[PDB]
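What follows is a single chain, given as structure tokens, in the form deposited without the partner chain.
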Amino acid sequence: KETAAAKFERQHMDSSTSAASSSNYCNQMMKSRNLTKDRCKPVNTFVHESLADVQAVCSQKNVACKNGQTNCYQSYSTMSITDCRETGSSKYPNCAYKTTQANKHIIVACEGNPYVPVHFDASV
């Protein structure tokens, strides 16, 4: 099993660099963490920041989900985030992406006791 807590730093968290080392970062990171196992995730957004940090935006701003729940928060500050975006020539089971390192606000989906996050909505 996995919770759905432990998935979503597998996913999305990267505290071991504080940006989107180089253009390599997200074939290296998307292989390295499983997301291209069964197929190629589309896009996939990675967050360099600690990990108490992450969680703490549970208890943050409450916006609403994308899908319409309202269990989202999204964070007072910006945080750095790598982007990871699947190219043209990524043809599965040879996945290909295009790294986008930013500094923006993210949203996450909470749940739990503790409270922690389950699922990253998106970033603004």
Second form
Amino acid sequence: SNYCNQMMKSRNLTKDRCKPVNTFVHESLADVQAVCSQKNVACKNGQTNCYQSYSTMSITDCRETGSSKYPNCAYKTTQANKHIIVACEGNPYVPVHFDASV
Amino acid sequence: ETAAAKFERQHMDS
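Form deposited without the partner chain already given; the form solved in complex with the partner chain follows:
In what comes next, the whole complex appears, and the chain from above leads the way.
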């Protein structure tokens, strides 16, 4: 379906290039922000302010087709129920980077 | 734009 084509665009992720890969989360703001107080793990980059959600979450992987091309960005929409990993920073202690989904 | 605000624009679809 077209969910990804729309989302990437309305969230300005297709402005000056086509962001190849992007994950969206279909949970409450409160639920996502809560991960910041869940399972502390290492970030992909070596830092240690990342957290893995205790629960899987309803997400959606957006990945540009091999045939896509700016300014006509095109994505395959893939839905999933998976644990997310985010880097939390600041006060309030909230997500500032999406690290991974497992 | 803040890092937090960017996270939402990019990954938040509640």
